[PDB]
Amino acid sequence: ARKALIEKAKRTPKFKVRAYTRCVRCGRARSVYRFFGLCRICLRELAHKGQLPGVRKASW
Amino acid sequence: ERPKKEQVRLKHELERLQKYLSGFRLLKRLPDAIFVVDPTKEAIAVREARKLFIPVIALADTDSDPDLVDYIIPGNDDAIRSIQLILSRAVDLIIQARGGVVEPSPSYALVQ
Amino acid sequence: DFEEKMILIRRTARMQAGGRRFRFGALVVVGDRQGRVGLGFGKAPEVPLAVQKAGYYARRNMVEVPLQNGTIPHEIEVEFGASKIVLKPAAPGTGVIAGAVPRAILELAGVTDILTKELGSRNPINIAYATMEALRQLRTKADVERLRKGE
Amino acid sequence: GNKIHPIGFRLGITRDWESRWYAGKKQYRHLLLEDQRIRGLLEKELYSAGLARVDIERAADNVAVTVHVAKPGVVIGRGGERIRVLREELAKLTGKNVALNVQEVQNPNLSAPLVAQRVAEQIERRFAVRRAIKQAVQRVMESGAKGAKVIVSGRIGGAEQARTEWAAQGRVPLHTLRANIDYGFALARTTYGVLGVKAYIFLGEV
RNA sequence: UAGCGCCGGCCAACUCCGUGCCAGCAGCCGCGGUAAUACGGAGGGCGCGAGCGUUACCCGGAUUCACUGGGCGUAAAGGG
RNA sequence: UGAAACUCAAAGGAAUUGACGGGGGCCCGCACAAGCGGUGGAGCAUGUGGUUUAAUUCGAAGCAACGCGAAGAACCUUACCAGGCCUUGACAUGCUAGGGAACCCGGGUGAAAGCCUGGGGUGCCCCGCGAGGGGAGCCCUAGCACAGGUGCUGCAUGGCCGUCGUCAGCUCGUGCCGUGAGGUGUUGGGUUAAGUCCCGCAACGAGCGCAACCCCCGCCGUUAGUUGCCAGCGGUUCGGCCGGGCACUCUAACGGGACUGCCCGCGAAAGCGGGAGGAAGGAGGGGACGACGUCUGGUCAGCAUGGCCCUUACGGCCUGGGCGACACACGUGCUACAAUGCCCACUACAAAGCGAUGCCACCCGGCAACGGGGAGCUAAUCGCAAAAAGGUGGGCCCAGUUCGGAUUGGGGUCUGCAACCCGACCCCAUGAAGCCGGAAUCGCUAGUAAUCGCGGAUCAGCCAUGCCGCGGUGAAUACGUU
Ligand SMILES: [Mg+2]
Ligand SMILES: [Mg+2]
Ligand SMILES: [Mg+2]
Ligand SMILES: [Mg+2]
Ligand SMILES: [Mg+2]
Ligand SMILES: [Mg+2]
Ligand SMILES: [Mg+2]
Ligand SMILES: [Mg+2]
Ligand SMILES: [Mg+2]
Ligand SMILES: [Mg+2]
Ligand SMILES: [Mg+2]
Ligand SMILES: [Mg+2]
Ligand SMILES: [Mg+2]
Ligand SMILES: [Mg+2]
Ligand SMILES: [Mg+2]
Ligand SMILES: [Mg+2]
Ligand SMILES: [Mg+2]
Ligand SMILES: [Mg+2]
Ligand SMILES: [Mg+2]
Ligand SMILES: [Mg+2]
Ligand SMILES: [Mg+2]
Ligand SMILES: [Mg+2]
Ligand SMILES: [Mg+2]
Ligand SMILES: [Mg+2]
Ligand SMILES: [Mg+2]
Ligand SMILES: [Mg+2]
Ligand SMILES: [Mg+2]
Ligand SMILES: [Mg+2]
Ligand SMILES: [Mg+2]
Ligand SMILES: [Mg+2]
Ligand SMILES: [Mg+2]
Ligand SMILES: [Mg+2]
Ligand SMILES: [Mg+2]
Ligand SMILES: [Mg+2]
Ligand SMILES: [Mg+2]
Ligand SMILES: [Mg+2]
Ligand SMILES: [Mg+2]
Ligand SMILES: [Mg+2]
Ligand SMILES: [Mg+2]
Ligand SMILES: [Mg+2]
Ligand SMILES: [Mg+2]
Ligand SMILES: [Mg+2]
Ligand SMILES: [Mg+2]
Ligand SMILES: [Mg+2]
Ligand SMILES: [Mg+2]
Ligand SMILES: [Mg+2]
Ligand SMILES: [Mg+2]
Ligand SMILES: [Mg+2]
Ligand SMILES: [Mg+2]
Ligand SMILES: [Mg+2]
Ligand SMILES: [Mg+2]
Ligand SMILES: [Mg+2]
Ligand SMILES: [Mg+2]
Ligand SMILES: [Mg+2]
Ligand SMILES: [Mg+2]
Ligand SMILES: [Mg+2]
Ligand SMILES: [Mg+2]
Ligand SMILES: [Mg+2]
Ligand SMILES: [Mg+2]
Ligand SMILES: [Mg+2]
Ligand SMILES: [Mg+2]
Ligand SMILES: [Mg+2]
Ligand SMILES: [Mg+2]
Ligand SMILES: [Mg+2]
Ligand SMILES: [Mg+2]
Ligand SMILES: [Mg+2]
Ligand SMILES: [Mg+2]
Ligand SMILES: [Mg+2]
Ligand SMILES: [Mg+2]
Ligand SMILES: [Mg+2]
Ligand SMILES: [Mg+2]
Ligand SMILES: [Mg+2]
Ligand SMILES: [Mg+2]
Ligand SMILES: [Mg+2]
Ligand SMILES: [Mg+2]
Ligand SMILES: [Mg+2]
Ligand SMILES: [Mg+2]
Ligand SMILES: [Mg+2]
Ligand SMILES: [Mg+2]
Ligand SMILES: [Mg+2]
Ligand SMILES: [Mg+2]
Ligand SMILES: [Mg+2]
Ligand SMILES: [Mg+2]
Ligand SMILES: [Mg+2]
Ligand SMILES: [Mg+2]
Ligand SMILES: [Mg+2]
Ligand SMILES: [Mg+2]
Ligand SMILES: [Mg+2]
Ligand SMILES: [Mg+2]
Ligand SMILES: [Mg+2]
Ligand SMILES: [Mg+2]
Ligand SMILES: [Mg+2]
Ligand SMILES: [Mg+2]
Ligand SMILES: [Mg+2]
Ligand SMILES: [Mg+2]
Ligand SMILES: [Mg+2]
Ligand SMILES: [Mg+2]
Ligand SMILES: [Mg+2]
Ligand SMILES: [Mg+2]
Ligand SMILES: [Mg+2]
Ligand SMILES: [Mg+2]
Ligand SMILES: [Mg+2]
Ligand SMILES: [Mg+2]
Ligand SMILES: [Mg+2]
Ligand SMILES: [Mg+2]
Ligand SMILES: [Mg+2]
Ligand SMILES: [Mg+2]
Ligand SMILES: [Mg+2]
Ligand SMILES: [Mg+2]
Ligand SMILES: [Mg+2]
Ligand SMILES: [Mg+2]
Ligand SMILES: [Mg+2]
Ligand SMILES: [Mg+2]
Ligand SMILES: [Zn+2]
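Protein chains in written order, with PDB author numbering: chain AN, 2 to 61; chain AB, 129 to 240; chain AE, 5 to 155; chain AC, 2 to 207.
Honestly, I wouldn't trust all of these hints.
[Stated by the list, open to error] Cross-link-like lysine to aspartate or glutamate pairs, in silico, EDC-like; alpha carbons within 20 angstroms at most:
hint, chain 1, residue 1, chain 2, residue 2
1, AE, 92, AE, 155
2, AN, 50, AC, 17
3, AC, 199, AN, 46
4, AN, 50, AC, 19
5, AC, 199, AC, 166
6, AN, 50, AC, 58
7, AE, 121, AE, 83
8, AN, 11, AC, 35
9, AC, 4, AN, 46
10, AB, 179, AE, 83
11, AN, 50, AC, 166
Quick caveat, the hints were computed from the structure, so don't treat them as lab data.
With the sequences and hints as input, model every part of the structure.
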């Protein structure tokens, strides 16, 4: 239940309640930011890759 | 460019850079022989030279190892007297074999 | 430029908290198959680098060898502390008969007929060192009469 | 056992955003999503030429797609086909205005993601790992460069036990910001499976 | 008529399946505890051939009883 | 004096590197000491062991597993369990065959999935005036190739991460030394946070580390004037509201500025001590940054991947259950045991941040939550906001109390199809153990601990006492290194 997992994650054949997020890449279910539509992990990779506009190493 | 900071050390280097090389720096090939004031003392050199089949010559007192010197200058070598006397005529010989013999540099006063 | 041939490439090692690292022995001989010969023993954290390094040292330490038609002048025994090696002259058609080490030596030496044996220890390294010295102590009839003259 | 991604570390400097534009709390999500898959399709059909960097720009249906390649000829074709067919197939799937610009690569031996994809291959093609890795460096260094370093990790030679082969020459201060050190990575599939590849190229400074 | 031994290292000859501290191998070191160039079969290879292997014993290697040709501070060995 | 059987693939010398020592020397880190507060007791929350179960999915294991994957489990999620149903598939590409276009609408059925099934419909290509058919897409159905697997192996592996440890270390080239493993350099004197630097030296130099280059905070100048300002005048529904100005505040870019530079002492130097000037000194405070390598660390359930295993099922759908079970054991936590306090009224001072079917100003109704109306705001313009502790006034008077708020009953709002299992909140009533906690043990060296609130990620709502961040009030104590 991982391929059919991610498909059902788009359809919502019923009540808007069963609507849940999903990492666009990894297809993770949890730790997914609404902003990037991505899981925490993959984004860490993209951020390092520079492939994320403005996204930059924070420090204070 | 070069902050005041870098200038300091960078120059300071040069000083000791010269403080050991100024007299060796004119050598660029690789000596044909080596003149040594006290053999036993700077015997480390003798070894370097000897291995490279570079001829050894040196002033040497009794505190010395006569066999490992190719051209020996037996005699005192701890006192300025014998040292200045030998190096004098030694160099004068070099200059004369070359061209333009002159008169020994200050050293007699240095002797005091 | 001469000929090149290594006798062995062993991996030594050393302890140190958290594990063991290794350098690399590498003994190599080099010669023109015509009297000029030189042995070399290089060390480094890399097999290639090691043999390469042995190459530099090889051509450095060298030795001419008095060859009488592919054989050696007189027989000699030379004990390098540990091990000991014999060397004997032999007519053409005898061949180089010896342990793998002294072979490399004598072969790249241009030698082609010789009876020999490794007595005592046998550590490749020490037998190597041993043979070099042995050749380095061979003397032609001349050398003899030349010293035994002193006119 | 740490080492952060040299790139992300030099984000506020040196390496600029490979994808660089702007949006808001509604667009960023998709523009990125699309931007990504575009780069993906390009990794696919385009790597055959030495596809290293792939810069991108957007804002309002405007879309830059400057793809830097070691062999531009393969992205162009003969005069307007290979280059165009992509422009087609690209927007043929995007609802936007594209532009498949193409730079060259004055020297691949000075681009990590290239050096990487290179040594990444020879392993797949089953070859001397030590030799090849060490050669890539002596290529990149001899190729004129202030520093270089390369490293694979996995089943070198196909052994049971894992491993990792080190190799580098000339300064490569990964800790310093003013450094610019092209970073490269690449996979390597074999009978015995996965195998990582890393590349580091110290170039600029100050 | 063409056979036999071997192909981890010494030692000349490499892959695949099976197997799974079992079945087994073994001269020394060691090999097999799911992925074995070391078991067993196969394909291929090295060696010899009316033979090829094994066991047994003798000399060799063994300068390991040393005459040739060894040793004895701490390695076995100076006698209280 | 002195064997043998038997048995082992060694026994053993010296030297080398390293680890270890209830050996040593020099040295360091909230390591101990000094000191403040706290867990272990109680209640509850949360994770875990165990047992239980139809199932209570799986992983993580001393330090470095246990509010950890999970930054949001009613069904979704969901990998588990029971029951119903499909079995080239929920998704990929391909080849081929018969029927229909596409598309939209429904009825019988059932728990839903799924299965029986009427209607509308007739677009685009070829031939022909039509008929009729053939060709594309798209669907039904047949078949093959193939899907799919959170099934197994982190002891096959990439990636990423933990860790020793921000420790000061690890090592290379050539030379030299040793038969060699190896040694030197890197050691030694001084110095520092530091293999920091000086000095010395059979080494001379170089590389990864340390520092420095990047971000935040402190003083100040430049540019910018929809924030702030009567600083300054004038009008005032006396509110920086209108005029007016940017000076100051602030907002954000850029730059100045500190370098043991200056003075004095010691010192071969490096450096050290003390003084000025200075917003700030001897690294000013906080961050990001974590070397060779160690742990057969972690993770095949993020993803990737060698091998293996499944294949009308080890795959897929739904409905319900479970993950929330409870005789128990521990780990992190929250609220407390009250007068340096609890209550109630009234009044004041932040920061960072978030918000256009989101933030919701004000009115109305309600004890209330919440509902009805409704202005503004893509936002230094309106909104979440009341910060809280504080301040002043009143009440309680030492009690299991007006301490403490668990448990239980009753009534109600809101999200979401749905709140039995299982949400969150409101109001009334009920008012538990607990009177400072055994052996034992954690945190912290200054704007720190303690304390007090505010925000944000996630997300319908929320089981958040959790996490990440923000500001407010603001200590104690370090003789010393046994
Ligand atoms: Mg949800
Ligand atoms: Mg999520
Ligand atoms: Mg990239
Ligand atoms: Mg010269
Ligand atoms: Mg010369
Ligand atoms: Mg003599
Ligand atoms: Mg005088
Ligand atoms: Mg030649
Ligand atoms: Mg020649
Ligand atoms: Mg060659
Ligand atoms: Mg040597
Ligand atoms: Mg060299
Ligand atoms: Mg001659
Ligand atoms: Mg000769
Ligand atoms: Mg002897
Ligand atoms: Mg032997
Ligand atoms: Mg031996
Ligand atoms: Mg000679
Ligand atoms: Mg001669
Ligand atoms: Mg590649
Ligand atoms: Mg190729
Ligand atoms: Mg990466
Ligand atoms: Mg045989
Ligand atoms: Mg044989
Ligand atoms: Mg062979
Ligand atoms: Mg069996
Ligand atoms: Mg089996
Ligand atoms: Mg096998
Ligand atoms: Mg095995
Ligand atoms: Mg065998
Ligand atoms: Mg076999
Ligand atoms: Mg055969
Ligand atoms: Mg015959
Ligand atoms: Mg015998
Ligand atoms: Mg015998
Ligand atoms: Mg005998
Ligand atoms: Mg003996
Ligand atoms: Mg004797
Ligand atoms: Mg005995
Ligand atoms: Mg006697
Ligand atoms: Mg007697
Ligand atoms: Mg005795
Ligand atoms: Mg007696
Ligand atoms: Mg006896
Ligand atoms: Mg006996
Ligand atoms: Mg008996
Ligand atoms: Mg240890
Ligand atoms: Mg502590
Ligand atoms: Mg501290
Ligand atoms: Mg204490
Ligand atoms: Mg307690
Ligand atoms: Mg308790
Ligand atoms: Mg536990
Ligand atoms: Mg029971
Ligand atoms: Mg698992
Ligand atoms: Mg478990
Ligand atoms: Mg959670
Ligand atoms: Mg079932
Ligand atoms: Mg299909
Ligand atoms: Mg066909
Ligand atoms: Mg219907
Ligand atoms: Mg009807
Ligand atoms: Mg058509
Ligand atoms: Mg057409
Ligand atoms: Mg046509
Ligand atoms: Mg047409
Ligand atoms: Mg027509
Ligand atoms: Mg027509
Ligand atoms: Mg017509
Ligand atoms: Mg018609
Ligand atoms: Mg068509
Ligand atoms: Mg077509
Ligand atoms: Mg592991
Ligand atoms: Mg790993
Ligand atoms: Mg250490
Ligand atoms: Mg060291
Ligand atoms: Mg050392
Ligand atoms: Mg000393
Ligand atoms: Mg340094
Ligand atoms: Mg100012
Ligand atoms: Mg006024
Ligand atoms: Mg006035
Ligand atoms: Mg006035
Ligand atoms: Mg105004
Ligand atoms: Mg300055
Ligand atoms: Mg000074
Ligand atoms: Mg002062
Ligand atoms: Mg600082
Ligand atoms: Mg700091
Ligand atoms: Mg740093
Ligand atoms: Mg591991
Ligand atoms: Mg494990
Ligand atoms: Mg797995
Ligand atoms: Mg796998
Ligand atoms: Mg796989
Ligand atoms: Mg099955
Ligand atoms: Mg079956
Ligand atoms: Mg509104
Ligand atoms: Mg309201
Ligand atoms: Mg009211
Ligand atoms: Mg409300
Ligand atoms: Mg309302
Ligand atoms: Mg305003
Ligand atoms: Mg909120
Ligand atoms: Mg109060
Ligand atoms: Mg009062
Ligand atoms: Mg009571
Ligand atoms: Mg009511
Ligand atoms: Mg009691
Ligand atoms: Mg009391
Ligand atoms: Mg909060
Ligand atoms: Mg929320
Ligand atoms: Mg909180
Ligand atoms: Zn992801």
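Structure-based check of each hint:
In summary, the hint linking residue 92 (chain AE) to residue 155 (chain AE) is not supported, as the alpha carbons are separated by about 32 angstroms, beyond the 20 angstroms threshold. Among the hinted pairs, residue 50 (chain AN) with residue 17 (chain AC) is consistent with the structure: their alpha-carbon atoms are about 10 angstroms apart, no more than 20 angstroms. Between residue 199 (chain AC) and residue 46 (chain AN), the direct Cα distance comes to roughly 15 angstroms. Compliance with the 20 angstroms bound is thereby established for this hinted pair. Restraint check for residue 50 (chain AN) and residue 19 (chain AC): satisfied, since their Cα atoms lie roughly 8 angstroms apart, inside the 20 angstroms limit.
Distance hint between residue 199 (chain AC) and residue 166 (chain AC) is fulfilled; the C-alpha atoms sit about 11 angstroms from each other, no more than 20 angstroms. A hinted pair counts as satisfied when its Cα atoms are at most 20 angstroms apart, and residue 50 (chain AN) with residue 58 (chain AC) qualifies at roughly 16 angstroms. In summary, the hint linking residue 121 (chain AE) to residue 83 (chain AE) is supported, as the alpha carbons are separated by about 12 angstroms, within the 20 angstroms threshold. With a CA separation close to 17 angstroms, the supplied pair residue 11 (chain AN) and residue 35 (chain AC) stays within the 20 angstroms bound.
Proposed proximity of residue 4 (chain AC) and residue 46 (chain AN) is supported: the alpha carbons are some 14 angstroms apart, at most 20 angstroms. At roughly 25 angstroms between alpha-carbon atoms, residue 179 (chain AB) and residue 83 (chain AE) are farther apart than 20 angstroms, so this suggested pair is violated. Distance restraint check for residue 50 (chain AN) and residue 166 (chain AC): the Cα-Cα separation of roughly 24 angstroms exceeds the 20 angstroms cut-off, and the hinted pair is therefore not satisfied.
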